[PDB]
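So this first bit is one chain, no partners, the form deposited in one PDB entry, shown in structure tokens.
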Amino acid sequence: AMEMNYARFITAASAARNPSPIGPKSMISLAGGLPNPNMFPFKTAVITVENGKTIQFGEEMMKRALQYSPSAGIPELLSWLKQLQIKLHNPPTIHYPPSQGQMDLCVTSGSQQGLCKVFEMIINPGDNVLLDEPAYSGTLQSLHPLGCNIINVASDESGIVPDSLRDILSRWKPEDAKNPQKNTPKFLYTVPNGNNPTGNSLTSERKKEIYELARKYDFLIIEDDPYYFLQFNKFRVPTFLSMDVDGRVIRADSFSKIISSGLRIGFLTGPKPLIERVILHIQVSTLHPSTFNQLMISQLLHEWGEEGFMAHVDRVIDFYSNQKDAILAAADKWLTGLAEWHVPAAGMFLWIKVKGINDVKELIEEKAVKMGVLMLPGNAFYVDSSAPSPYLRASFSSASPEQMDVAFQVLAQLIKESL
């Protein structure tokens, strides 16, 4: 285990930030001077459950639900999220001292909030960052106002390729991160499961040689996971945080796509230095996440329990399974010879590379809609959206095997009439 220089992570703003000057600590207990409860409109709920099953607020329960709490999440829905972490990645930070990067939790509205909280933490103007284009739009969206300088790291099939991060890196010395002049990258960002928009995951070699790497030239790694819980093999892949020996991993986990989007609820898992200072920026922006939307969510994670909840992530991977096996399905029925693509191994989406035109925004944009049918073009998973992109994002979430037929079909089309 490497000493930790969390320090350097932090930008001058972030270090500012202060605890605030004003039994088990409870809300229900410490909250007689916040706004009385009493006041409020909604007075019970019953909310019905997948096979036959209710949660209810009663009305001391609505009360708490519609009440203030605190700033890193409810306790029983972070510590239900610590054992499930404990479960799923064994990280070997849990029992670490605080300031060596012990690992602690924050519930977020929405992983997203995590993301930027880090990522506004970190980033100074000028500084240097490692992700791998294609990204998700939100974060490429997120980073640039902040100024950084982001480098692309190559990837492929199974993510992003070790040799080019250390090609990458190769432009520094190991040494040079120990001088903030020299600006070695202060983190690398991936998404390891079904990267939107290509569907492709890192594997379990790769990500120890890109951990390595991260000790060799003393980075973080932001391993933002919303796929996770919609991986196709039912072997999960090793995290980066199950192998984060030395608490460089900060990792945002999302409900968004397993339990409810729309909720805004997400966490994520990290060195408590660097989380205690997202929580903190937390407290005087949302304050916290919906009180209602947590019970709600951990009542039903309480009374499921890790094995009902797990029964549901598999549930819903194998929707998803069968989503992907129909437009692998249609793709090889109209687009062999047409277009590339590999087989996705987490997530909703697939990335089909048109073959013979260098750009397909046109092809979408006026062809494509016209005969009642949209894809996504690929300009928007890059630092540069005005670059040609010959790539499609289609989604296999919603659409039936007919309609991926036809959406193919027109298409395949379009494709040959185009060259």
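In this text, rigid core is short for the largest set of C-alphas that superpose within 1.5 Å between two forms. Numbering follows the first chain given and starts at 1. Compared with the form deposited in another entry:
- Large C-alpha shift between these two forms, rigid core held fixed: of 53, 361, 355, 370, this applies to 53 alone, with a displacement of 2 Å or more.
- Once the cores line up, the CA of residue 33 ends up 2 angstroms or more apart between these two forms.
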Given for the second form:
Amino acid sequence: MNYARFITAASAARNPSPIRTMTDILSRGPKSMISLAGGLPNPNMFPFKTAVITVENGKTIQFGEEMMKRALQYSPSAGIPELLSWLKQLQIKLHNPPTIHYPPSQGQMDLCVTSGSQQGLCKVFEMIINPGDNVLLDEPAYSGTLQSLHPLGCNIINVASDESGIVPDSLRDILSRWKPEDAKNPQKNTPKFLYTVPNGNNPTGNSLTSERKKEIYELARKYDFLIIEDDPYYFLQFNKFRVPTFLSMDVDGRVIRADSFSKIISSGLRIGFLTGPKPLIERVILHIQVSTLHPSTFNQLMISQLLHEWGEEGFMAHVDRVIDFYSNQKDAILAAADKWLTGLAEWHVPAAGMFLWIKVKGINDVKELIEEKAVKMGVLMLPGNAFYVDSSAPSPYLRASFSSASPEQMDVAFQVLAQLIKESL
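What about the form deposited in another entry, after the form deposited in one PDB entry?
What follows is just the one chain, with no partners and no other molecules.
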């Protein structure tokens, strides 16, 4: 409702930046208009001329001469228009966000293609956080989020979580420290936002439920904080039905959502996108305009043509192929865990994503059990310390990836792990 509350002075001071009134007054005027006003380098000097890219379960992608010149040239900061248009329709299909037809100033849905979803998240954090601001999230969390938040000088307030994600009663108790009207009085610093990964949290593998999302949203309205929905595993849910998203229930216009193709189409191409209230997305776009300028035009065209040939049906058929693969990998690593972790450890079934989160019994810290004893036995799993704000505290947890390993490799790996737990007790 009042987005200025969530925008630092620096972010608010931004104004629009280059490649401006050159390819828009010429993108509608007569074909006889000469423009020596543009800052674009002549693409005929560029040495790549054509491209052919083969696709599994899809038409081969071809960049002819003119399409290649476009791919090698600057493009809009928010993304190329045909990709933004497809993605917007996808978001309407998947989430029917309440904000689609709101006035801009009151949170009309808006999209920005980013150079990876993490770029969008970083610029969102920078847009909002003043030193000393309070922010809410569940630990353990993606180490990259914690390392992004650390230098911004916010107080991270841990919200309790279990196998169903954030626990609303913990969030409610935390918020009781304030009165709601304090959100209109910045003197005692009500939380600016809540961040969470609602599906297949890295490292736990846990997902939020529909009912807790609703509860959490009512509290976000009551104390007027934003929800940053970081959902890179959204297209990797193993349940029959995808849980409704925060975006899908965002009647106020207080959700900023991050999507990624990093886990399902390509991480190396650095393509993700933000969906959120237009006034906040605009502040991110202005920062992009003085930073990366835009995501790679070449990589956007690769993905846009892939998606447009697939149609929504072919895209969703791809995600079902990826769901099939990761859920079978999940079944395999759970079988190896049941097999070898013998009442030596505890774990919850991952609801989505690509990680299994193992609590080792009878040991207070495992990073000495792994980085010393396990490495020379030819096995490595990631100690859980790195996923907490205080990464020096002891952690009995290990994060095990099931994205790649064969059942044979899982059997050997959990064999070795079992031996190292027993001889350490």
